[PDB]
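Trainee: One-letter residues, chain by chain:
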Amino acid sequence: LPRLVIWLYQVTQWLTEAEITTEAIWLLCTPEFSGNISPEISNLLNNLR
Amino acid sequence: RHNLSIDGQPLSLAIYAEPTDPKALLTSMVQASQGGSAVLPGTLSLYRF
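Just so you know, the protein sequences line up as chains C and A, in that order. With PDB author numbering as the guide, the letters of the first sequence map in order to residues 636 to 684. With PDB author numbering as the guide, the letters of the second sequence map in order to residues 2002 to 2050.
You can take every hint at face value.
The calculated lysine to any residue pairs, modelled on SDA-like cross-linking and capped at a C-alpha distance of 20 Å, are:
1. A:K2024 / C:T657
2. A:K2024 / C:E658
3. A:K2024 / C:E654
4. A:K2024 / C:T656
5. A:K2024 / C:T651
6. A:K2024 / C:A659
7. A:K2024 / C:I655
Think of the hints as simulated: they come from the structure by calculation, not from any bench.
Here chain A stands alone, though its shape is the one from the complex:
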């Protein structure tokens, strides 16, 4: 009834649908918004330019 031989050996070759390969993992650089310095009013020097 279970498709076996008289000795118990199976008569139908099975299948398993092989697992899907290795995996690629990558990393990336990340940048963010950056500001600059400000300018203040200047002092008056005692010396010439």
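With the rest of the complex left out, here is chain C:
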């Protein structure tokens, strides 16, 4: 439990120092993904083939 508390303090302080929002850090690291072929990916494939 103290390890979790100190981990939460370090991360939140880092995010404020680096000016990274909670949503931004989630988008950078989460494994959850939409599963849909986005237009960015579709354009990448069409120019790549």
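Assemble the complex: chain C is given as a structure, and chain A must be docked to it using the hints.
Mentor: Frame of chain C; chain A shown alone:
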């Protein structure tokens, strides 16, 4: 009865719960799926390569 002084001055300091700060509004670029050109059968030239 209404918690006032003899002069009518109130005896309890009130509160209002200050409005919640300014608001941040952002804009984003949007992309859509884009296709490419097609190829037709070619003509036979009269000249060499």
